[PDB]
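Let's start with one chain on its own, the form deposited in one PDB entry, as structure tokens.
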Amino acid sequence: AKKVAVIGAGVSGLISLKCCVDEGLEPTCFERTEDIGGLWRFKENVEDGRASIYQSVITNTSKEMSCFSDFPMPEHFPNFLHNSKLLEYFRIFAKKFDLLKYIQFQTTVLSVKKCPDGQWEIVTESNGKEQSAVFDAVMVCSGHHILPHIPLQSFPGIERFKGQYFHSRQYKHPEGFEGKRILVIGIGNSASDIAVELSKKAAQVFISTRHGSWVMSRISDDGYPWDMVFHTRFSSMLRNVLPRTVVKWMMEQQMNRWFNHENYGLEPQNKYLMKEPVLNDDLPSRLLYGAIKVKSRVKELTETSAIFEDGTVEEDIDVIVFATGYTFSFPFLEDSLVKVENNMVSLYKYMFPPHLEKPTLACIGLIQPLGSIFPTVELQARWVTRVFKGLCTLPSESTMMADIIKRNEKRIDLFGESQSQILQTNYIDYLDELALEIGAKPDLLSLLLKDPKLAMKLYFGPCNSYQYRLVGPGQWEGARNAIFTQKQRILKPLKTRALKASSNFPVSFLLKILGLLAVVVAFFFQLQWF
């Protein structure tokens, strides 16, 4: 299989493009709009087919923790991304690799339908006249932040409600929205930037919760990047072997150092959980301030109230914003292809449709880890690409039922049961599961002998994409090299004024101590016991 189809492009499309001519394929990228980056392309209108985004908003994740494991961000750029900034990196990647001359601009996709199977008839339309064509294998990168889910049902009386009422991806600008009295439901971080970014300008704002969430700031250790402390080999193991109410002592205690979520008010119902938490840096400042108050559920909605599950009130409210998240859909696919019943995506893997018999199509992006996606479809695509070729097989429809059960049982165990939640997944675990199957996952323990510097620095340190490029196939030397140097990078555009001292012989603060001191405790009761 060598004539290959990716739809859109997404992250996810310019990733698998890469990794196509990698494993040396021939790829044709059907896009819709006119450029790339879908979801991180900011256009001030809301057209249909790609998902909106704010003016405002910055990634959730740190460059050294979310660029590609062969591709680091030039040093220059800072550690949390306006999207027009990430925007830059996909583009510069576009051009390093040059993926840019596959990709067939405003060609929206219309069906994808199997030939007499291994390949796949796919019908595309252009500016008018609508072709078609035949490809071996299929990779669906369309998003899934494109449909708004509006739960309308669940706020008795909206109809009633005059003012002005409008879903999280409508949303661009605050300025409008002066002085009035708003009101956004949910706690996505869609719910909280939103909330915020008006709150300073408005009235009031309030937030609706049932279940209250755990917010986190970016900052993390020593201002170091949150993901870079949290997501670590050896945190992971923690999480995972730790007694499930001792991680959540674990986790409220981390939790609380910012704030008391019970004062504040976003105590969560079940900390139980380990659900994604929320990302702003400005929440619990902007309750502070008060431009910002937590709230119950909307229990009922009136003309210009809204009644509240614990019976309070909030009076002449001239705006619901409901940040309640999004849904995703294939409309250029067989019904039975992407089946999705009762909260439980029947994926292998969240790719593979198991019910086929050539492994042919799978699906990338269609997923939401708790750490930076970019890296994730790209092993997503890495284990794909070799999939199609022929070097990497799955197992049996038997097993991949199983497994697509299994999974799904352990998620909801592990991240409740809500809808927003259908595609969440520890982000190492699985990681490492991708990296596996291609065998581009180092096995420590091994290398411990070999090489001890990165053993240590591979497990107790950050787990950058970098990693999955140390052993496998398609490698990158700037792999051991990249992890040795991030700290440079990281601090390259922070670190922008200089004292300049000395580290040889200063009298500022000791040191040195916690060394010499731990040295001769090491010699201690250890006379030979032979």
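Take the two forms, find the largest set of C-alpha atoms that superpose within 1.5 Å, and that set is the rigid core. Positions refer to the first chain, counted from 1. Compared with the form deposited in another entry:
- Annotation for residue 24: C-alpha shift under 2 angstroms between the two forms, rigid core superposed.
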Contents of the next structure:
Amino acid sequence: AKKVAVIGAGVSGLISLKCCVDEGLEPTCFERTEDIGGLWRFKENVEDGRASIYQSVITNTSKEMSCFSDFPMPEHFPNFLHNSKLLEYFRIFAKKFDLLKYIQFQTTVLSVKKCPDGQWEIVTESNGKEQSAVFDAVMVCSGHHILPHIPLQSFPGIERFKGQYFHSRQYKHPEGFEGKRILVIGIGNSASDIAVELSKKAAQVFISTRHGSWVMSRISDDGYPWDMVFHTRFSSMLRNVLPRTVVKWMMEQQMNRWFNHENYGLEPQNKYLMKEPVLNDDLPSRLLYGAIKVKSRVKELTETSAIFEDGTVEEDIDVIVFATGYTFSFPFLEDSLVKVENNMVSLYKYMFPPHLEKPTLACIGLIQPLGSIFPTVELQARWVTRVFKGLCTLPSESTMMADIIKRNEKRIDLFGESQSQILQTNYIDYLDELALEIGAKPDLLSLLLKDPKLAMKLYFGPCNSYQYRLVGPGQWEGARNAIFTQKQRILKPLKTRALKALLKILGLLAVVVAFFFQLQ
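With the form deposited in one PDB entry already on screen, would you show the form deposited in another entry?
Excluded here are partners and other molecules; the one chain stands alone.
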């Protein structure tokens, strides 16, 4: 393998592009649009084949918990990021790794067909007329938050509903919805952001759910980003090992510290599930202010109103917003290639079509982890480039089919059977999976004997992307360094005004048990 194709200059495109030149492959990037970023490049209109965002989106993951393993975000960056500002990182990245030269913009990939397999033929239209070409391998990075899902079938009377309705996709700005009566269906992270945003200047906003999530702020312990508090090796273990109830018993408590979810009305049904909680710093407040009313699932619609699953009714609702998420297709692909059946994607680790005989194509970024996607797709590409070169090997088709089932089977009893969780996956565990396959997973215990400082920090502290550039192939020296100095780059954009100026309670109770244990 040498000549590699990457579909889209997404985040996933941009990192694979880079992970290629690192394994010395020579890649070609095809971008439908005129620029990089994919979803995170905000545009005012909703252009086809690209994922839209509303203008005000902020990331739900820390910069030091979601940068590429060898490229910390500038120290002067905020810890959570406007879409504006994330883009900037991406641009800074593609400048610093000269990845822009491999990109062909406004060239959309129409078909990816197998030649007599170990290569692929790829048709791509440009200005009207459509060239073809041949590649040894191909990495798909065309995203999956593009094709809206609106299950109107399950909302009867929608046919009768006068007034306006649309899908989260189509939203961009709140202006236009001044003082209207607005029903948003579902408790997406997006639904929440939307609800909140519209709620300010709107008559009323409702927000339907049967299930109703746990809501959680990006702020955590001592105002540090939640991901660095929650995503820590040691903690992940406890979540895995402890009896599921003991864990649920703990989520319940931790989650309710902010507010009683029963009272605010979004207490879940099955707390059994480790379903992704929504990340909105604004929602609980906006509920107190009465800007938003949470509500049970819509049962039926009328021309002006909505009946609900708990018998209540909401009169004169001017606007419905279906934040009912997206589905996904690969309209340029053998329909048997990315087989998606009975609430299960048959791809070895959300990546490799198992029925292939030469392992020369993989989907990157077709995954929804519980941490940042950016370090996941980086590792996804470290694995995949090395597979392509042969440095790494897949198992048998029958082994790969056994995994796929067993994974997705656990996945189900861990996040429920909804086709909005197909791609849900525990965060660290998966990073580890990918890192093992290329032997970049640090062996913490082994790091006890040498550098017990690191050993501790890696286990008990926050699990950064940096950790994975410690051992195995492609290392970064600034990895020990990055990890040790993250606190600095966190506080740097925060502690922006300075004063200049449990101390003895800690010394005492420790010594007082050093008195307990000694006087024997």
